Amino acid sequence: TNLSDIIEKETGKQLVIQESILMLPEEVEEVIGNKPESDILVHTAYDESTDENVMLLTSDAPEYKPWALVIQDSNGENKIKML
């Protein structure tokens, strides 16, 4: 998919993307340090090769504009890439 393709562009891996979860802008801002201009969808995929969760943040439908990618490791440390 579009969203799996973005994850693969950014990680080099083909992963199963979970059904989206909606986050309000202030919710997202606490996590990321930037406040999105509207609601965010979190599309999560587990990267078993590294035991990492990969979270693709887009705007809501129908645009699904990519906004950020969060990769969390098993120690619970986040890396963020703004898209």
Second form
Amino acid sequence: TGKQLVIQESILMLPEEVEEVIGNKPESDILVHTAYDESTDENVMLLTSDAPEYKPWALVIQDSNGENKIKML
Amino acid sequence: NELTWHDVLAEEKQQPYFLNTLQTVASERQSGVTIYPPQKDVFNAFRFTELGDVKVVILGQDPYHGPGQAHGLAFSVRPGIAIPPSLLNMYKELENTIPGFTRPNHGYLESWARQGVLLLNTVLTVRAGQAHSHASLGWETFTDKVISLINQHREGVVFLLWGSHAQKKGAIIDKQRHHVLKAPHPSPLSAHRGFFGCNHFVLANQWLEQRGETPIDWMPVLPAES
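Structure of the form deposited with its partner chain bound, given the form deposited without its partner chain:
Entire complex below, previous chain first.
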């Protein structure tokens, strides 16, 4: 059923906050866009730059116990 | 002496930066764009918790850009909207830290508000589906003032500062006039490794009783009316 990847929130983080997790360092402010799902209990995050660009930077998949599946875009 | 949300807010509402902000938003609405926290709700944070009742202060960025989510209070959502990632995790810290606790079934936090928990966002409006879009209107200079006044005319207030953006950055309060706890944002991207072990909620309650002030019930309740 092709439908909506509903972003539930968008948190603005500084580059040094993201580096701390991703391992890579964003050359600007980042916007963490999170979609939840209590089917697989997963957190889908799309990290893009600050407004008004929203230039995709990374995609992060996290499971019930906090493991992160990172991918640079 | 000088004890209400008329504090400077009687001048800080006459100021050009603030007046312009309001209009520029007023126009945008009327112009066709649907800005989000309905004009009626925009100031709810100050409505549910008066300057003198502020015991704790939790800082948020800007409101929810989704339909029906935001209602004027940081982190909180309306009575039937999915509990957002960061509020979801906020519940996790409580489910463990506060032993009386147990999780609600919604993210409506007006309860905390009326107990003196100020749920203040730094920027008060946002465009539908466009995060941080009103981040150049002046809400921040209005919200900085707010924090100043609290740090000026009040004492012993607990500030829960989460995330490099709220924490410090725009939060340079008098460390002894008030109790400032810091930690990383509760967002899945950072909740783990930093946030989850902090007992801000409990600590914020340990320091209150310590002063005689009644503690905060951190478990969400649900009224309504009609």
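Numbering follows the first chain given and starts at 1. Take the two forms, find the largest set of C-alpha atoms that superpose within 1.5 Å, and that set is the rigid core.
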Next on the checklist: Is residue 48 displaced by at least 2 Å at its C-alpha between the two forms when the rigid core is overlaid?
Outcome noted: yes
Checklist outcome for this item: Here the CA of residue 20, compared between the two forms on the core, is shifted in angstrom by 1.1
